[PDB]
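With one protein chain removed, the remaining protein chains of the complex are shown where they sit.
As written, the chain order gives the labels A, B, C, D, E, F, G, H, I, J and K, with residue 1 at the start of each chain.
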């Protein structure tokens, strides 16, 4: 499949791997956010339940932008169940936790991991000579870092 | 209270039966709507604004299902009974306490009443279908989906303490 | 029930007086909201759809003014009293007839009750202002504007026959 | 015509039965949609604007139910039959009078046709459920809820004369 | 975790399994719909690309309704990457197809499987004495059967 | 001087300005009439007729503004003040002592029918002066005025 | 049927002529609206979704132009004739085939029928202007713009094969 | 008879009807004035002043309707026809031969200031008659009229 | 380029004539849209923001009329000619100055070009109607209404100095 | 600074008095707007998201009441004083702590400051009415309604601990 | 063409360099916008409506980026050059063929030009950053994201044939 897009061939290759790696952990994190959303229980239920839906919409939008960029560079976006299981960097989410603080701890671990993977991806994409992909990761980084603060702010003090 | 003439051909015996089921449910749904605002105004505690605002969503839903149920009484040739006196004589809910304020207090009182109305509407689906009115049973099924979801949102605030 | 501490500095005797005015008005406004839907569902006659739909706009208005009155009770450190039992013990409205159907019969019944509530709210403006609480008086003035317009809409339907 | 292959695993005998029920209902729902606009344009009398406008809301609902019924035929591998000739050969409604103008005369003509289509769709829910197709029965149940309410809105204009 | 919801205990158990089984295949199908959306190529690209986004929104809405019902009945909704991999009934989606007809064939297989699983779930949920859950599956069935027709209509004739 | 590059001939401009300012005065009076009736009608169809007349008033506001703006595009002065309308309207004074809905409908039907018919003539007179753009403004107004006249007459054309 | 009195002063002979033009065009526009949905449900082939959705846009436009044409008949004192029997007796379109599925086959059948209604409406503009009714000719000119654009959209799918 | 359950005393009703119908006539004239200026103004600030005056006209339409509806709630007849407005307005005839923006702003400032000041007095006279609900209608109108008068005067209060 | 076959029955010589009128107008409308943005970006002076924003509304209008004119060419079986090279060979507008900045200088330059295009479109109405195509004439009349209003808006800024 | 001439006829002594009241209140409202965002960004604890989002609603309300107060100063011929230096010189609020994070600590600090501005505005209503300016007293009454409701929303999070 | 004075402190050498980069890109983006509509009007073939409508989304995007690029020229003290003559002298695109109709023909011509502009804007990001203007580089980066996505949407229609 040819493309007129003239980003260098080795920059395309490099950046497609960065993209598809991040895609898998973003899709996993999208699944995790709904898993916590459905099963959380405790005094702050409705506010955290609803917040997690806004995070899921953001993850859906950044995972679509990342996958569409793979394809613009001539690759294959890899977001099926099997590609995500083989490529995700996140540990399996616990399916036997319910308390809000337990889900906040588990989400903070994973949100922090994805936020920091995307932070790295900005630099790696820019250094590869693709500032257009680096801006896709920068936009994702701004939402991931804000979502990470929102979650951490719930546990940084007890009252 | 005159029976009204209509081309709707649901049998007369099914109409009478389901009108009773509807009006009974209507009274407890109106009382539950009043209860929901009573709690909403008077709740106090650390989760005030989120619980306050959630209760207004519930009240809109109870207004919509109470209206669909009352309209169905009239479609079947009956009289919808939703005045203050009808609600007082027919509601199945215990009087709501007017001297509670803590959020957890209101949540326990709301869960009692939401669970009673949720379960009443779950029975009304089966009773309406068995009386031979699946259109009325579908009205109650839509109400049951929102009452079971609302009962879950209330209970999930107290099922764990952290 | 218990009084709540607040930084709001309206004098305590003014708070006590105006909470009584607001809770009294709240019970009749909630009863009038129930009456509005009772008529909405059961009226029948040549202008059915227009009058049926108009009454839904009136019910939304009553819901918004009832909410603003109740919230004001609580801002002044009181307990808003809007449960079925509080409304039944405090409403000034006569029980609404459940055996009427003609539009003109509902209009008469509604005009009587809308008039009573419009005039109650009119007096509440003045009583609130004399107690030194123009903020509460403005809540009642906003409600009075809507109640007097709604009363006019109802009466204009029966003031002429053609 | 011809049967189209689908992965949809509703049994073939149930598909054939329910396609017949859906296309039969589609023809009377399309005729009723044309009837609704025929009456809407030609209404004359004191109740004109509200009845004229209400009939457009009913037309939009009949368009949406008729589209849902037709799409279900095709989902099951059939051919939806909604052309002028299919509707003429399959409708159960008597020709609408083109020489009536008084609103009461259109209301009675509409009540007869709306009653027939409401009651046809009421039976379609049970026939579809008996065939083992609750998905199609739900399409007819949603239609029934709007037909029964529309029938009540029509009849409520003539059940009382004031 | 108690609930006032009085559906019988054995109906709750039965229906939670039906729900969580369907949840896994619906989430897998949601992933598949975006995998095809990103990678399809051919003359009908934009129309099929855009249609698949509407299907994904529908699957997101029915998977949320199914998962929230599990929890209303006192269960645990199971939608993490690992729960979906262990419970999905769909075969791995091919990651090396691009032609629109290849993706339509693969989506038709999977949409047909999920549509037919949900059709069964209506009956099983109703027979268990839970018409409120059966209506959740009925609403999903109407969208799955329409989406299945939309996909099949593209291949039922060649012009 | 209201010098413009618009090349419609100067005599056509002056002819069409007069047609537009005459219609503007009767449209503004009819807009005042519509609210006068709206506020004071009483009877069984009150809310439906009350709300309908507000839709008619918005339409008259939009056509009156399009007619006035066209006068100014053609180099004229739009004449829509209270005194201009009193000296140019063709409508008879609306009665201020009627309340029954049927009495307002008869009074509105007379005045709506006069304005609808003046606008119908204005299409042809503007086209015949060689200004089909102004004729289109009046055609758009005639479609609304004729529809509004039918909605009013439909209420009185049969007794029930 | 009967003619209704109106203050509208279009001359009586022009009213009679244009009512005939309007009711004639109304019948073919309503039949084209039915055809457009018939094709839409039963289309099969690679450009399914785009053509299916486009035909829904065309049906909304035909609904709005048919309503504008009908409403003009009544403004001029006539009776709008849009029932199933009136459409059957007056339509100029040939019966739409119910056994075609391929999208190119629906496109050819739609192009024949849209071309006929576009050319009928083009002629209606000049016949209405000849009768001295530019207001009615504008209704038809608005319809002609949408019909000629919709005919080009259909024909542009078949004028080239790649 | 316009018998109502509204219990404002009959003498207060008649006093406040007169205040409302007097203000209604000057508000309707000012709404006509606002469009008269809007159509015919010419000069460097054309589009901004042209569009602002449409916002003012919508506000006058809404206050005039609230004032008229209050007359009828109190058992009166709202008087807003062309002839009622000509016999009751307090505004001087607007000039039809002015075009410069500064000339329209001066003419509008005179008339906006008169209506703003009549409405200011109407608040107190309605409250003193024992009708704070009608006083609130005039207070809402005064807030818009005083803001509109400031927007007009701000254009002329400094030269640049 | 080549002629396209269509069912549209406007006579072939009329089609040919009106395609020439439409393509000629299209080139000057596209050049005027470019000129409108050139002025929008570069104007400077005391009424900058109001005039800058107004020109964006004019550009959207020119875009919509340019699109309607071009689409009409193609409906009549022609080829719409809107590329940079077609516009350069067919525009009637003089090159816009790139070294002006004062608002009054841009207004003068725009008034000249808006006047030329408004007057071209005015003549196109008549030429289209004389060729027997009132549908195309109505496209030009809609554009003329917007062009004559936009010309007035521009000229009203310079017709007085205060 | 300088006073500007206006046709507004509120007496000159009333204008001077109310301009002082307005500018005084403007300074404390702008400082409260800054405080509300200071707390919002730095809140930490279990009810983070609900309190964070609620404070944004309060900031929009303070922006709209501060703008209405400032605009009234200028309507009366004065100079609105809302710059950083004017706020610093005129605010009645104590400096907000920048080293607090726990949500209960921000709630106590916000309650002190919202209570002060609510009570200042309550007094401003009566001082404006005493000066003979009911139009200005209405601006402050509208602000008082939102300040008293926002103060209750803050205090209701701390009046009970569960 | 005068240089305009501004407080913006980007160095003069960077301003001059980036103004040239912007104006060059502006000319090819305007030509590409014209090309996009040229194709949109004249395309014919089986995927007509989907491709026709997609091209209008592209044209809106090119209008938005062309505007942001031209505005940045002026912010840096330059003259935006977007007239017909400037575009003709500066565009890098070959003249678009006016005698092609097949969708695949238009797609190949569009992909050539979209690829040239996409690649020009990709270079402009780096050239603007290296000239020391990351704010301008961000304008080009936003444009590059939409041009690369649009180039992909065009190429994905021809990268496979089924």
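Quick notes
Keep in mind that, in the parts below, a residue touches a chain if its C-beta (ideal position, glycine included) is under 8 Å from a C-beta of that chain, and two chains touch if they have at least 3 such contacts.
Across J:62, J:81 or J:120, the single residue that touches the chain missing here is J:81.
Note that of K:93, K:139 or K:156, the residue touching the chain absent from this view is K:139.
Within the full complex, the residue among I:20, I:45 or I:97 touching the omitted chain is I:45.
Mapped onto chain J, the footprint of the missing chain covers residues 1-2, 4, 30-31, 34-35, 37-38, 41-42, 44, 67, 70-71, 73-74, 79-88, 91, 95-96, 98-99, 101. Touching residues on chain H toward the chain that is not drawn are 44-45, 48-49, 52, 101, 151, 154-155, 157-160. The chain not shown here touches chain I at positions 43-50, 52, 101-104.
Keep in mind that, in the parts below, only the chains that are shown with their structure count from here on.
Of the two chain pairs considered here, D-F and F-I, the higher C-beta contact count falls to F-I. Spacing of chain A relative to chain K, judged by their CA centroids, is 31 angstrom.
With touch defined as above, residues shared between interfaces to two or more other chains in chain A number as follows: 1, 41, 43-44, 47, 68, 71, 98, 100.
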